[PDB]
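Omission of a single protein chain aside, the complex is shown with its protein chains in their original locations.
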Amino acid sequence: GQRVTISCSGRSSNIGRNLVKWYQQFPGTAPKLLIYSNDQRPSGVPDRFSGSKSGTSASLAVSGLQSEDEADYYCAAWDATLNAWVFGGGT
Amino acid sequence: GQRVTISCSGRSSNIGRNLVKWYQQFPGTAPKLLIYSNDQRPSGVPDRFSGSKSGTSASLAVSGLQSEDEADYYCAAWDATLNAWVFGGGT
Amino acid sequence: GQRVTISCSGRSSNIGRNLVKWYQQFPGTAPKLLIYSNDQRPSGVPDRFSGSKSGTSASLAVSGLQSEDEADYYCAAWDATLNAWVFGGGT
Amino acid sequence: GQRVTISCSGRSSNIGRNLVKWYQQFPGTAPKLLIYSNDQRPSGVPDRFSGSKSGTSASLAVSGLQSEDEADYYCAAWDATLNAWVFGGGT
Amino acid sequence: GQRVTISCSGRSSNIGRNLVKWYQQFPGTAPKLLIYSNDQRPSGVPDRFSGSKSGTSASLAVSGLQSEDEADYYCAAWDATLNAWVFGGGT
Amino acid sequence: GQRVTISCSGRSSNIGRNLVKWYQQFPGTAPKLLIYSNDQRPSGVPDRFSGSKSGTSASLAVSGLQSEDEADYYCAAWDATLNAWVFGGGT
Amino acid sequence: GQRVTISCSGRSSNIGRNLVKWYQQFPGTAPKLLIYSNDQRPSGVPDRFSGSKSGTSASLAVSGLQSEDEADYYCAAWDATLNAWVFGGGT
Partner (left out) sequence: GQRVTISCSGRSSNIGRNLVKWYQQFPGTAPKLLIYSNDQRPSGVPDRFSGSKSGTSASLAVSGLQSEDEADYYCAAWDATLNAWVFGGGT
């Protein structure tokens, strides 16, 4: 008689009285990007993979006022076996 | 008699009294992008994969005021086996 | 007698008294993109895959005021087996 | 006697008193895109696939005021087997 | 005696007192797109597939004021077997 | 004695007191598209497929004021078997 | 004695007191499209298919004020078998 209880909560999860007050006044933004020559050549060859930001990836992130970037991948299992029983009887 | 209880909550989940007040006043934005030559060549060859942002991918993210980017992939299992029983009787 | 209870909630899920007040006043936006030469060649060859943003993909995301981009893929299972029983009797 | 209860809620799901007040005043937007030469060649060859944004796909997303892009794929199962029983009796 | 209860709710589902107040005043939009040469060649060859945005597809999404794009594919099952019983008796 | 109850709700489903107030005042839109040469060649050859936006398809979506695009495909099953019983008696 | 109850609701379904107030004042729209040469060649050859937007299809969607495009395909089953019983007695 096995029991497994995985209550793996996520992103802004089971929230009681949450509040996110934001404000932004008077921003002036002029984020430009200019390139004369930029050649990345990122050729990723994985075999077995499970990770979050997999990218062998030469980026260029110019941020002005706001740029929120996350990645969720919850409760994962590449190879899980939570309970087991084996018996042998081969005469 | 096995029991499994996976209450893996997600994104803004089971929320009681949530509130997101936002404001943005007076923004002035001029985000331009110019390229003379930029040739990425990202040729990703995976075999077994489970991860969130898989991309071997040379990007260029110029952000003005706001750019929200997430990725959800919940409660996943590449290979899960939660309960088991085996018996052998081959005479 | 097995029991499985997967209440894997999703996106803005089971919400009690949720509210998203937004505002945006006075934005001025001129996001242009210009390219003289940009040839990505992303030829992804996966075999077994389960992940969220699969794309080996050299993008260029210029964001003005707002650009929200997510991806949901919930409660997934590449190979799951939640309960089992085996018996052998081959004489 | 097995029991399975998968109440995997989705997008804006089971909502009590939800509200999304929005506003946008005074935007001025001129998002143009110009290309002299841009030839992506993304020829993706998968075999077994289950993920959300599958596209090996070099895009160019210029965003003005607003561009919301999600993708839902809920409660999925590449290969699931929730309960089982086996018996053998071959004399 | 098996029981299966999959109440997998969808998009704006089972909603109590939902409201989406929107407003947009004073927008001025001039989103043009011009191309001298852009030849994607995306020839995707999958074999077994179940995912949401399948497209190996180099797009160009210039967004003015608003462009909402989602994709729903709910409660799916590539190969599911929720309950079972087997017995053997071959003398 | 098996029981299956799949109340998989859909799009704007079972709604109590739903309301979508919209407004849009003063928009001026001039979204043009011009092409000197753009030849996609997307020849997708799938074998077994179940996903939502199947298209290996290099598009160009210029959006002015509003363009809403979704896709619903609910409660699907590539191969589902919800309950079963087998017995053997071949003497 | 099996029971199956699939109340899979659809699009704007079982609605209590629904309302969609819309307004649009002062739009001026001039969305033109011009092509010097654009030859897609999308020749899709599927074998077994069940998905929503099947089209390997390089489109060009210029949107002015409004263009709503969805696709419904509800409660589907590529191969479903909800209940069963088998017995063997071949002497």
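The chains carry the letters A, B, C, D, E, F and G, assigned in the order they are written, with residues numbered from 1 in each.
Quick note on the criterion: a contact is a pair of C-beta atoms (placed from the backbone, for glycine too) under 8 Å apart; a residue touches a chain by one contact, two chains touch by 3 or more.
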{"item": "Touching residues on chain A - with respect to the absent chain", "value": "1-91"}
{"item": "Residues from chain B at the interface with the omitted partner, ascending", "value": "51-53, 56, 58, 63, 88"}
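Everything that follows uses one rule, which is that only the chains that are shown with their structure count from here on.
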{"item": "Centroid distance [mean C-alpha coordinates] between chain E and chain A, Å", "value": "19"}
{"item": "Multi-chain contact residues (two or more partners), chain B", "value": "1-91"}
